[PDB]
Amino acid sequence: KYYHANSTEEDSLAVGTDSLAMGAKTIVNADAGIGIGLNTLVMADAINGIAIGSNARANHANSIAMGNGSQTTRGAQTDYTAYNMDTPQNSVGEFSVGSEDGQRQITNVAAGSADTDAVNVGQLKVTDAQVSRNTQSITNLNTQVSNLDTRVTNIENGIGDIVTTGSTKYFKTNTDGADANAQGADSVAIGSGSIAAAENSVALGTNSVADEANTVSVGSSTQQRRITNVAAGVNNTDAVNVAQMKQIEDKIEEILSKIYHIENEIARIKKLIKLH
(Lines of atoms letter the chains of each structure in order from A and count residues from 1; the text may use other names and numbers.)
(Lines give C-alpha, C1' and ligand atoms only; values in the text may rest on other atoms or scores of the structure.)
Protein backbone atom coordinates (compact mmCIF):
# COMPACT_ATOMS: atom_id res chain seq x y z
CA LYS A 1 0.00 0.00 0.00
CA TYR A 2 1.01 3.60 -0.64
CA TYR A 3 -2.46 5.03 0.09
CA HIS A 4 -3.05 5.69 3.83
CA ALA A 5 -5.95 7.51 5.46
CA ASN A 6 -5.99 7.87 9.27
CA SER A 7 -9.76 7.98 10.04
CA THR A 8 -12.68 6.11 11.62
CA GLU A 9 -15.88 7.91 10.50
CA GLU A 10 -18.37 7.09 7.70
CA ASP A 11 -16.67 5.52 4.68
CA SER A 12 -16.04 7.11 1.26
CA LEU A 13 -18.91 6.55 -1.19
CA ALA A 14 -17.94 6.31 -4.84
CA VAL A 15 -21.54 6.00 -6.09
CA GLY A 16 -21.76 7.37 -9.61
CA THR A 17 -20.47 5.20 -12.45
CA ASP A 18 -16.67 5.26 -12.69
CA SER A 19 -16.40 7.61 -9.70
CA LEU A 20 -13.45 8.12 -7.38
CA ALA A 21 -14.03 8.71 -3.65
CA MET A 22 -11.25 9.23 -1.06
CA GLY A 23 -11.38 10.16 2.67
CA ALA A 24 -14.07 10.08 5.37
CA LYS A 25 -17.71 11.02 4.61
CA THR A 26 -16.83 11.69 0.95
CA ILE A 27 -19.91 11.10 -1.16
CA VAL A 28 -19.35 11.19 -4.94
CA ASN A 29 -22.34 10.97 -7.26
CA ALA A 30 -21.69 12.64 -10.61
CA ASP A 31 -20.52 10.08 -13.11
CA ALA A 32 -16.72 10.02 -13.53
CA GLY A 33 -16.60 12.37 -10.54
CA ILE A 34 -13.58 12.52 -8.22
CA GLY A 35 -13.68 13.46 -4.53
CA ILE A 36 -10.53 13.59 -2.37
CA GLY A 37 -10.24 14.74 1.23
CA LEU A 38 -12.44 15.03 4.32
CA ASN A 39 -16.20 15.41 3.85
CA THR A 40 -16.13 16.23 0.13
CA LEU A 41 -19.11 16.06 -2.15
CA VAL A 42 -19.36 15.89 -5.90
CA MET A 43 -23.10 16.39 -6.44
CA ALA A 44 -25.69 14.80 -8.80
CA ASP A 45 -25.16 16.26 -12.30
CA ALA A 46 -21.64 17.57 -11.66
CA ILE A 47 -20.35 15.37 -14.51
CA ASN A 48 -16.55 14.91 -14.36
CA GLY A 49 -16.51 17.21 -11.28
CA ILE A 50 -13.60 17.34 -8.82
CA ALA A 51 -13.59 18.31 -5.12
CA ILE A 52 -10.20 18.17 -3.49
CA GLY A 53 -9.85 19.13 0.20
CA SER A 54 -11.92 19.64 3.37
CA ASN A 55 -15.67 20.10 2.79
CA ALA A 56 -15.14 20.90 -0.89
CA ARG A 57 -18.32 20.96 -2.99
CA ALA A 58 -18.08 20.14 -6.69
CA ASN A 59 -21.48 21.56 -7.65
CA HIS A 60 -21.21 22.15 -11.41
CA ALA A 61 -20.46 20.01 -14.50
CA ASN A 62 -16.91 19.74 -15.89
CA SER A 63 -15.77 22.31 -13.28
CA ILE A 64 -13.46 22.04 -10.20
CA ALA A 65 -13.49 22.81 -6.48
CA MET A 66 -9.95 23.18 -5.02
CA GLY A 67 -9.10 23.60 -1.31
CA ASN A 68 -10.82 23.47 2.08
CA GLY A 69 -14.47 24.37 1.64
CA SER A 70 -14.30 25.74 -1.89
CA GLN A 71 -17.45 25.42 -4.02
CA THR A 72 -17.96 25.66 -7.79
CA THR A 73 -20.04 28.77 -8.26
CA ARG A 74 -20.53 29.03 -12.04
CA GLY A 75 -19.88 25.94 -14.15
CA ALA A 76 -19.34 25.95 -17.91
CA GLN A 77 -20.81 29.10 -19.55
CA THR A 78 -22.05 29.84 -23.08
CA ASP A 79 -21.80 33.08 -25.04
CA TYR A 80 -21.05 34.95 -21.76
CA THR A 81 -19.99 38.62 -21.31
CA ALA A 82 -16.30 38.52 -20.33
CA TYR A 83 -14.79 41.71 -18.94
CA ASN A 84 -13.15 43.86 -21.63
CA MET A 85 -13.86 41.29 -24.37
CA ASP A 86 -15.80 42.58 -27.37
CA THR A 87 -17.53 39.29 -28.44
CA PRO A 88 -19.49 36.55 -26.58
CA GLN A 89 -17.22 34.09 -24.80
CA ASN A 90 -17.32 30.41 -24.04
CA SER A 91 -16.15 28.21 -21.22
CA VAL A 92 -16.06 24.44 -20.96
CA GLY A 93 -15.92 24.46 -17.16
CA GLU A 94 -14.66 26.47 -14.14
CA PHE A 95 -11.62 26.06 -11.84
CA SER A 96 -12.52 27.34 -8.38
CA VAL A 97 -9.97 28.09 -5.69
CA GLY A 98 -12.65 29.35 -3.30
CA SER A 99 -16.30 30.16 -2.64
CA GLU A 100 -18.84 32.89 -1.83
CA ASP A 101 -17.39 33.59 1.63
CA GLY A 102 -13.68 33.03 0.98
CA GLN A 103 -11.30 33.47 -1.95
CA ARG A 104 -7.58 32.62 -2.24
CA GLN A 105 -4.55 34.15 -3.89
CA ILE A 106 -2.87 32.32 -6.74
CA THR A 107 0.89 32.53 -6.18
CA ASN A 108 4.12 31.95 -8.05
CA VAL A 109 3.01 32.56 -11.57
CA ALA A 110 5.32 33.21 -14.49
CA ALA A 111 4.06 35.97 -16.75
CA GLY A 112 1.75 35.26 -19.67
CA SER A 113 2.29 34.78 -23.39
CA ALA A 114 -0.81 33.42 -25.14
CA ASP A 115 -4.08 35.39 -24.88
CA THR A 116 -5.53 32.55 -22.79
CA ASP A 117 -2.72 32.44 -20.23
CA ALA A 118 -3.10 34.01 -16.80
CA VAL A 119 -1.80 37.51 -16.15
CA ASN A 120 0.20 38.44 -13.00
CA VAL A 121 0.67 41.61 -10.92
CA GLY A 122 4.06 42.26 -12.45
CA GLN A 123 2.53 42.28 -15.93
CA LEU A 124 -0.17 44.69 -14.82
CA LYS A 125 2.37 47.00 -13.17
CA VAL A 126 3.84 47.67 -16.65
CA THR A 127 0.43 49.05 -17.82
CA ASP A 128 -0.08 51.14 -14.66
CA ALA A 129 3.44 52.53 -14.95
CA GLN A 130 2.37 53.75 -18.40
CA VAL A 131 -1.14 54.96 -17.50
CA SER A 132 0.46 57.03 -14.71
CA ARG A 133 2.67 58.76 -17.35
CA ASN A 134 -0.31 59.48 -19.58
CA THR A 135 -1.97 60.69 -16.39
CA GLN A 136 0.78 63.08 -15.32
CA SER A 137 1.16 64.31 -18.91
CA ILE A 138 -2.57 65.09 -19.10
CA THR A 139 -2.16 67.35 -16.02
CA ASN A 140 0.99 68.93 -17.52
CA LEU A 141 -1.07 69.50 -20.68
CA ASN A 142 -4.09 70.92 -18.75
CA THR A 143 -2.07 73.83 -17.28
CA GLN A 144 -0.36 74.56 -20.62
CA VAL A 145 -3.81 74.48 -22.22
CA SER A 146 -5.22 76.79 -19.52
CA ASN A 147 -2.37 79.32 -19.50
CA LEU A 148 -2.75 79.73 -23.28
CA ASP A 149 -6.45 80.55 -22.72
CA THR A 150 -5.39 83.35 -20.34
CA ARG A 151 -2.62 84.36 -22.80
CA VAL A 152 -4.73 84.52 -25.98
CA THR A 153 -7.69 86.29 -24.32
CA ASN A 154 -5.19 88.99 -23.31
CA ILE A 155 -4.41 89.49 -27.03
CA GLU A 156 -8.11 89.75 -27.98
CA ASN A 157 -8.59 92.19 -25.05
CA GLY A 158 -5.27 94.05 -25.46
CA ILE A 159 -5.92 94.33 -29.21
CA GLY A 160 -9.53 93.71 -30.40
CA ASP A 161 -10.48 97.24 -31.48
CA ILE A 162 -7.54 97.40 -33.93
CA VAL A 163 -9.48 94.86 -36.03
CA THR A 164 -12.81 96.72 -35.77
CA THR A 165 -12.18 100.48 -36.07
CA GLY A 166 -8.73 99.96 -37.68
CA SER A 167 -7.19 102.27 -35.10
CA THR A 168 -5.71 102.72 -31.61
CA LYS A 169 -6.71 104.79 -28.52
CA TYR A 170 -4.83 107.81 -29.94
CA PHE A 171 -5.54 107.17 -33.67
CA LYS A 172 -9.38 106.89 -34.06
CA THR A 173 -11.72 106.90 -37.10
CA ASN A 174 -15.39 106.38 -38.09
CA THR A 175 -15.74 104.98 -41.62
CA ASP A 176 -17.50 102.21 -43.59
CA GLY A 177 -15.98 102.94 -47.04
CA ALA A 178 -13.21 101.41 -49.16
CA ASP A 179 -9.60 100.75 -48.11
CA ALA A 180 -6.75 103.31 -48.08
CA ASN A 181 -3.69 103.23 -50.36
CA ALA A 182 -0.06 104.38 -50.49
CA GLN A 183 0.53 103.98 -54.25
CA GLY A 184 3.74 106.00 -54.71
CA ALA A 185 7.00 105.32 -52.88
CA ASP A 186 7.75 106.72 -49.38
CA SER A 187 4.09 107.78 -48.99
CA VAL A 188 1.44 107.87 -46.25
CA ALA A 189 -2.39 107.99 -46.45
CA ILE A 190 -5.40 108.36 -44.13
CA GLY A 191 -9.14 107.64 -44.41
CA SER A 192 -11.75 106.09 -46.72
CA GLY A 193 -10.35 105.56 -50.24
CA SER A 194 -7.37 107.80 -49.49
CA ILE A 195 -5.44 107.69 -52.77
CA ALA A 196 -1.85 108.85 -52.28
CA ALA A 197 0.02 109.02 -55.62
CA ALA A 198 3.26 111.04 -55.74
CA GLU A 199 6.54 110.47 -53.89
CA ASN A 200 6.96 111.29 -50.17
CA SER A 201 3.35 112.61 -50.07
CA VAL A 202 0.41 112.43 -47.61
CA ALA A 203 -3.31 112.15 -48.52
CA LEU A 204 -4.72 113.21 -45.14
CA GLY A 205 -8.50 112.58 -45.02
CA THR A 206 -11.46 110.57 -46.35
CA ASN A 207 -11.01 110.55 -50.16
CA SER A 208 -7.95 112.82 -50.45
CA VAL A 209 -5.53 112.88 -53.41
CA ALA A 210 -1.88 114.01 -53.05
CA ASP A 211 -0.75 113.53 -56.67
CA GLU A 212 2.39 115.74 -56.77
CA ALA A 213 5.95 115.19 -55.46
CA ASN A 214 6.61 115.87 -51.75
CA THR A 215 3.16 117.48 -51.27
CA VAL A 216 0.64 117.03 -48.42
CA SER A 217 -2.95 116.98 -49.75
CA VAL A 218 -6.08 117.47 -47.62
CA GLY A 219 -8.60 116.74 -50.40
CA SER A 220 -9.18 116.34 -54.15
CA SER A 221 -10.00 118.69 -57.06
CA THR A 222 -13.71 119.04 -56.18
CA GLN A 223 -13.74 118.38 -52.41
CA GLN A 224 -11.17 120.52 -50.55
CA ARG A 225 -10.51 121.10 -46.83
CA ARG A 226 -9.94 124.22 -44.66
CA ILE A 227 -7.34 124.26 -41.84
CA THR A 228 -8.77 125.52 -38.51
CA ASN A 229 -6.99 126.80 -35.36
CA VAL A 230 -3.65 127.71 -37.02
CA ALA A 231 -0.90 129.97 -35.64
CA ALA A 232 0.57 132.99 -37.43
CA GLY A 233 3.74 131.97 -39.27
CA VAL A 234 7.00 133.28 -37.80
CA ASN A 235 9.84 131.68 -39.81
CA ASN A 236 10.10 132.07 -43.60
CA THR A 237 8.82 128.47 -43.90
CA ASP A 238 5.74 128.85 -41.66
CA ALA A 239 2.12 128.84 -42.81
CA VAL A 240 0.17 132.11 -42.81
CA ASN A 241 -3.38 132.67 -41.52
CA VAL A 242 -6.16 135.27 -42.05
CA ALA A 243 -5.15 137.44 -39.04
CA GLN A 244 -1.97 138.27 -40.97
CA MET A 245 -3.88 138.47 -44.30
CA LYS A 246 -6.59 140.89 -43.07
CA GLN A 247 -3.81 143.11 -41.68
CA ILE A 248 -2.46 143.31 -45.25
CA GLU A 249 -5.99 143.65 -46.70
CA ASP A 250 -6.57 146.67 -44.44
CA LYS A 251 -3.09 148.03 -45.26
CA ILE A 252 -4.17 148.06 -48.94
CA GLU A 253 -7.27 149.99 -47.79
CA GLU A 254 -5.26 152.89 -46.38
CA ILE A 255 -3.22 152.88 -49.60
CA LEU A 256 -6.34 153.19 -51.76
CA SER A 257 -7.87 155.98 -49.65
CA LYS A 258 -4.67 158.05 -49.40
CA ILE A 259 -4.52 157.62 -53.18
CA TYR A 260 -8.22 158.54 -53.58
CA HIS A 261 -7.53 161.99 -52.11
CA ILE A 262 -4.24 162.39 -53.99
CA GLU A 263 -6.13 162.14 -57.28
CA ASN A 264 -8.75 164.66 -56.09
CA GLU A 265 -5.75 166.75 -55.02
CA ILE A 266 -4.26 166.62 -58.51
CA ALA A 267 -7.56 167.35 -60.29
CA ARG A 268 -7.90 170.55 -58.24
CA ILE A 269 -4.36 171.70 -58.93
CA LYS A 270 -5.00 171.04 -62.60
CA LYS A 271 -8.33 172.83 -62.34
CA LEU A 272 -6.59 175.85 -60.77
CA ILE A 273 -3.75 176.06 -63.33
CA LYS A 274 -6.36 176.51 -66.10
CA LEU A 275 -8.24 178.88 -63.77
CA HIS A 276 -5.86 181.28 -61.89
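What we label the rigid core is the largest C-alpha set whose atoms superpose within 1.5 Å from one form to the other. Residue numbers count along the first chain shown, from 1. First, how it differs from the form deposited in another entry.
Picking from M85, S132, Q105, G160, the hinge for the rigid motion between the two forms turns out to be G160.
When the larger part is held fixed by a C-alpha superposition, the smaller rigid part turns by 30° between the two forms.
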Second form
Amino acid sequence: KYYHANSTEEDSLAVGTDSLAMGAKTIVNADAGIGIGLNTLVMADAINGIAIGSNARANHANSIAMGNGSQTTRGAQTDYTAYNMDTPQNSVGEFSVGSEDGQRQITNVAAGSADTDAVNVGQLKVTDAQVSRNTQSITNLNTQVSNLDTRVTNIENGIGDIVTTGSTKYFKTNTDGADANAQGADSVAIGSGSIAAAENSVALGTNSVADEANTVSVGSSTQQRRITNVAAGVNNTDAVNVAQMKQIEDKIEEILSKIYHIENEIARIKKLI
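Could you drop in the structure for the form deposited in another entry? We only have the form deposited in one PDB entry so far.
If you are looking for partners or other molecules, they are not here, because only the chain is given.
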Protein backbone atom coordinates (compact mmCIF):
# COMPACT_ATOMS: atom_id res chain seq x y z
CA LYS A 1 0.00 0.00 0.00
CA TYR A 2 2.33 2.74 -1.48
CA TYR A 3 4.96 0.26 -2.75
CA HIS A 4 3.60 -1.39 -5.90
CA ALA A 5 5.50 -4.10 -7.80
CA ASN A 6 4.08 -5.55 -11.04
CA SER A 7 5.19 -9.20 -11.33
CA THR A 8 4.36 -12.91 -11.68
CA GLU A 9 7.96 -13.91 -10.79
CA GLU A 10 9.14 -15.67 -7.59
CA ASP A 11 9.36 -14.23 -4.04
CA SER A 12 11.86 -11.72 -2.65
CA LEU A 13 14.18 -13.24 -0.02
CA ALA A 14 15.60 -10.93 2.67
CA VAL A 15 17.66 -13.75 4.27
CA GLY A 16 20.31 -11.83 6.27
CA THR A 17 20.03 -10.77 9.92
CA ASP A 18 18.59 -7.20 10.05
CA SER A 19 18.51 -7.06 6.20
CA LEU A 20 16.15 -5.32 3.76
CA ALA A 21 15.38 -6.54 0.22
CA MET A 22 12.71 -5.57 -2.38
CA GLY A 23 11.85 -6.81 -5.92
CA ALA A 24 11.47 -10.14 -7.76
CA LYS A 25 14.13 -12.87 -7.44
CA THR A 26 16.11 -10.61 -5.10
CA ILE A 27 18.37 -12.76 -2.88
CA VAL A 28 19.83 -10.70 -0.04
CA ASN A 29 21.96 -13.28 1.84
CA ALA A 30 24.10 -10.76 3.77
CA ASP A 31 23.58 -9.26 7.23
CA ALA A 32 22.30 -5.65 7.22
CA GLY A 33 22.22 -5.96 3.42
CA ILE A 34 20.13 -3.93 0.98
CA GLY A 35 19.25 -4.96 -2.59
CA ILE A 36 16.54 -3.78 -4.96
CA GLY A 37 15.17 -5.26 -8.25
CA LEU A 38 15.39 -8.32 -10.57
CA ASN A 39 17.82 -10.82 -8.98
CA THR A 40 20.07 -8.39 -7.12
CA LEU A 41 22.49 -10.78 -5.38
CA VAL A 42 24.44 -10.12 -2.18
CA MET A 43 27.24 -12.63 -2.74
CA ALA A 44 29.00 -14.45 0.13
CA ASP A 45 27.96 -13.42 3.67
CA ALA A 46 30.19 -10.47 2.59
CA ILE A 47 28.58 -7.96 4.73
CA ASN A 48 26.50 -4.78 4.91
CA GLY A 49 26.43 -4.27 1.12
CA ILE A 50 23.99 -2.85 -1.46
CA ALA A 51 22.90 -3.51 -5.07
CA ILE A 52 20.22 -1.37 -6.65
CA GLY A 53 19.41 -2.54 -10.20
CA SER A 54 18.48 -5.26 -12.71
CA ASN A 55 20.71 -8.27 -12.06
CA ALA A 56 22.73 -6.21 -9.52
CA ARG A 57 25.67 -7.69 -7.57
CA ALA A 58 27.17 -6.79 -4.15
CA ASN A 59 30.28 -8.99 -3.85
CA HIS A 60 32.79 -7.20 -1.59
CA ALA A 61 32.57 -6.45 2.15
CA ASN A 62 31.06 -3.02 2.99
CA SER A 63 30.70 -1.97 -0.67
CA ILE A 64 27.95 -0.67 -3.03
CA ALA A 65 26.82 -1.34 -6.63
CA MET A 66 24.32 0.56 -8.89
CA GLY A 67 22.35 -0.53 -11.97
CA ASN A 68 22.24 -3.12 -14.75
CA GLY A 69 24.69 -6.03 -14.33
CA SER A 70 26.75 -3.96 -11.89
CA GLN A 71 29.23 -5.57 -9.48
CA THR A 72 31.44 -4.59 -6.54
CA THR A 73 35.02 -5.16 -7.75
CA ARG A 74 37.33 -4.64 -4.71
CA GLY A 75 35.47 -2.93 -1.84
CA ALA A 76 37.30 -1.76 1.26
CA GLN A 77 41.03 -1.46 0.56
CA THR A 78 43.66 -0.95 3.28
CA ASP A 79 47.27 0.35 3.02
CA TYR A 80 46.59 0.59 -0.78
CA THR A 81 48.42 2.43 -3.55
CA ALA A 82 46.67 5.25 -5.51
CA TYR A 83 47.72 6.68 -8.88
CA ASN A 84 49.64 9.99 -8.71
CA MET A 85 50.01 9.44 -5.02
CA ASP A 86 53.10 8.24 -3.13
CA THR A 87 52.18 7.33 0.47
CA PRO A 88 49.49 4.62 0.96
CA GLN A 89 45.73 5.29 1.14
CA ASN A 90 42.86 3.87 3.21
CA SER A 91 39.30 3.19 2.05
CA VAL A 92 36.15 2.25 3.93
CA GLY A 93 34.46 0.94 0.72
CA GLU A 94 33.85 0.85 -3.04
CA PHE A 95 31.03 2.48 -4.99
CA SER A 96 30.43 0.85 -8.39
CA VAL A 97 28.46 2.48 -11.16
CA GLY A 98 29.10 -0.42 -13.60
CA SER A 99 31.29 -3.46 -14.17
CA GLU A 100 34.54 -5.01 -15.38
CA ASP A 101 32.87 -5.76 -18.76
CA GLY A 102 31.09 -2.39 -18.85
CA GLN A 103 31.37 1.09 -17.21
CA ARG A 104 29.42 4.38 -16.63
CA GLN A 105 29.76 8.16 -17.06
CA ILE A 106 28.95 10.17 -13.89
CA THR A 107 27.15 13.29 -15.11
CA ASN A 108 26.03 16.54 -13.46
CA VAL A 109 28.81 16.99 -10.90
CA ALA A 110 29.85 20.16 -9.03
CA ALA A 111 33.55 21.02 -9.10
CA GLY A 112 35.44 19.51 -6.15
CA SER A 113 36.50 21.78 -3.29
CA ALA A 114 38.19 19.69 -0.58
CA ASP A 115 40.89 17.04 -1.26
CA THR A 116 38.74 13.89 -1.33
CA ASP A 117 36.11 15.34 -3.70
CA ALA A 118 35.46 13.94 -7.13
CA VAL A 119 37.03 16.34 -9.58
CA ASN A 120 35.17 17.04 -12.85
CA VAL A 121 36.32 17.39 -16.53
CA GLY A 122 36.28 21.21 -16.11
CA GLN A 123 38.73 21.24 -13.20
CA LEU A 124 41.09 19.18 -15.41
CA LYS A 125 40.72 21.40 -18.46
CA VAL A 126 42.06 24.26 -16.26
CA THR A 127 45.23 22.31 -15.59
CA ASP A 128 45.57 21.22 -19.19
CA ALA A 129 45.25 24.89 -20.23
CA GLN A 130 48.61 25.49 -18.48
CA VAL A 131 50.34 22.36 -19.74
CA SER A 132 49.53 23.75 -23.20
CA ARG A 133 50.79 27.25 -22.31
CA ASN A 134 53.93 25.57 -20.98
CA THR A 135 54.45 23.20 -23.95
CA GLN A 136 54.40 26.27 -26.22
CA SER A 137 56.88 28.05 -23.94
CA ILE A 138 59.12 25.01 -24.43
CA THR A 139 58.91 24.96 -28.25
CA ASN A 140 59.90 28.63 -28.13
CA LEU A 141 62.89 27.93 -25.90
CA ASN A 142 64.06 24.93 -27.99
CA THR A 143 63.77 27.31 -30.93
CA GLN A 144 65.26 30.40 -29.26
CA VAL A 145 68.12 28.15 -28.06
CA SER A 146 68.73 26.37 -31.37
CA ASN A 147 69.43 29.92 -32.68
CA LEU A 148 71.72 30.99 -29.81
CA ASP A 149 73.68 27.83 -30.49
CA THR A 150 73.98 28.95 -34.14
CA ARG A 151 75.04 32.53 -33.18
CA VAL A 152 77.54 31.40 -30.59
CA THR A 153 78.69 28.75 -33.09
CA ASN A 154 79.55 31.45 -35.65
CA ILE A 155 81.43 33.59 -33.14
CA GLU A 156 83.59 30.49 -32.54
CA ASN A 157 84.05 30.16 -36.37
CA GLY A 158 84.72 33.85 -37.18
CA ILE A 159 86.55 34.94 -34.08
CA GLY A 160 88.19 31.53 -33.51
CA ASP A 161 90.49 32.51 -36.32
CA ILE A 162 91.50 35.60 -34.16
CA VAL A 163 91.78 34.05 -30.68
CA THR A 164 93.94 31.12 -32.03
CA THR A 165 96.38 32.72 -34.53
CA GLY A 166 96.43 35.98 -32.51
CA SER A 167 96.00 37.54 -35.92
CA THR A 168 93.69 39.75 -37.95
CA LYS A 169 93.33 40.24 -41.72
CA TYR A 170 95.88 43.09 -41.49
CA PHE A 171 98.08 42.11 -38.53
CA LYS A 172 99.08 38.51 -39.34
CA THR A 173 101.59 36.17 -37.75
CA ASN A 174 102.39 32.64 -38.85
CA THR A 175 103.56 31.07 -35.63
CA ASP A 176 102.40 29.07 -32.65
CA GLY A 177 104.85 29.94 -29.79
CA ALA A 178 105.01 32.02 -26.60
CA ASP A 179 102.57 34.90 -26.34
CA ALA A 180 103.90 38.33 -27.19
CA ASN A 181 104.94 40.21 -24.03
CA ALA A 182 104.57 44.02 -23.58
CA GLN A 183 106.01 44.31 -20.13
CA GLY A 184 107.22 47.92 -19.87
CA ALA A 185 104.89 50.93 -19.61
CA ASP A 186 103.55 52.16 -22.98
CA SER A 187 105.45 49.32 -24.70
CA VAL A 188 104.57 47.38 -27.82
CA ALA A 189 105.37 43.77 -28.50
CA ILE A 190 104.83 42.15 -31.91
CA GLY A 191 105.12 38.42 -32.47
CA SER A 192 105.65 35.20 -30.58
CA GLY A 193 108.36 35.32 -27.96
CA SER A 194 108.89 39.08 -28.25
CA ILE A 195 109.59 41.09 -25.09
CA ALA A 196 109.27 44.83 -24.61
CA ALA A 197 110.90 45.18 -21.25
CA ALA A 198 111.64 48.91 -21.25
CA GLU A 199 109.68 52.20 -20.80
CA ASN A 200 108.06 53.23 -24.07
CA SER A 201 109.66 50.65 -26.36
CA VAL A 202 108.80 48.38 -29.21
CA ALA A 203 109.84 44.81 -29.83
CA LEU A 204 109.20 44.16 -33.50
CA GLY A 205 109.40 40.51 -34.57
CA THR A 206 109.49 36.90 -33.39
CA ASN A 207 111.78 36.65 -30.36
CA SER A 208 112.67 40.34 -30.54
CA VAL A 209 113.85 41.94 -27.34
CA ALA A 210 113.67 45.61 -26.58
CA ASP A 211 115.40 46.25 -23.26
CA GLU A 212 116.17 49.96 -23.34
CA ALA A 213 113.94 52.99 -22.83
CA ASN A 214 112.88 54.62 -26.08
CA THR A 215 114.02 52.11 -28.65
CA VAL A 216 112.56 49.86 -31.34
CA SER A 217 114.27 46.46 -31.41
CA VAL A 218 114.23 44.53 -34.65
CA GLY A 219 115.81 41.53 -32.92
CA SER A 220 118.23 40.60 -30.16
CA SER A 221 121.80 39.82 -29.19
CA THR A 222 121.17 36.18 -30.11
CA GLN A 223 119.65 37.19 -33.47
CA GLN A 224 119.75 40.56 -35.21
CA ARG A 225 117.95 41.55 -38.39
CA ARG A 226 118.80 43.70 -41.39
CA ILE A 227 116.18 46.40 -42.18
CA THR A 228 115.29 46.52 -45.90
CA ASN A 229 113.71 48.78 -48.54
CA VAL A 230 114.75 52.03 -46.92
CA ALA A 231 114.73 55.33 -48.79
CA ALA A 232 117.62 57.75 -48.47
CA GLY A 233 117.41 59.76 -45.29
CA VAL A 234 116.81 63.48 -45.88
CA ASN A 235 116.19 65.00 -42.49
CA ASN A 236 118.72 64.76 -39.63
CA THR A 237 116.74 62.24 -37.65
CA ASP A 238 116.03 60.01 -40.69
CA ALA A 239 117.72 56.72 -41.11
CA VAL A 240 120.62 56.54 -43.53
CA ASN A 241 120.77 53.60 -46.07
CA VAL A 242 123.70 51.73 -47.61
CA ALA A 243 123.71 53.52 -50.94
CA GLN A 244 124.18 56.70 -48.92
CA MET A 245 127.22 55.27 -47.01
CA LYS A 246 128.51 53.88 -50.29
CA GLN A 247 128.78 57.51 -51.39
CA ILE A 248 131.02 58.38 -48.50
CA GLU A 249 133.14 55.22 -48.96
CA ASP A 250 133.58 56.42 -52.50
CA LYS A 251 134.90 59.88 -51.51
CA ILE A 252 137.33 58.24 -49.08
CA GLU A 253 138.71 56.03 -51.87
CA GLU A 254 139.08 59.19 -54.00
CA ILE A 255 141.02 60.86 -51.17
CA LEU A 256 143.36 57.94 -50.65
CA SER A 257 144.10 58.02 -54.36
CA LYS A 258 144.96 61.75 -54.10
CA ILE A 259 147.23 61.12 -51.11
CA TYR A 260 149.05 58.40 -53.02
CA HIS A 261 149.92 60.84 -55.82
CA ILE A 262 150.86 63.48 -53.27
CA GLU A 263 153.22 61.04 -51.57
CA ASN A 264 154.82 60.20 -54.94
CA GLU A 265 155.38 63.88 -55.77
CA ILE A 266 156.93 64.45 -52.34
CA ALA A 267 159.27 61.50 -52.89
CA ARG A 268 159.82 62.69 -56.48
CA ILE A 269 161.11 65.96 -54.96
CA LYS A 270 163.01 64.75 -51.88
CA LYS A 271 165.10 62.34 -54.00
CA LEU A 272 165.43 64.92 -56.81
CA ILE A 273 167.59 66.94 -54.48
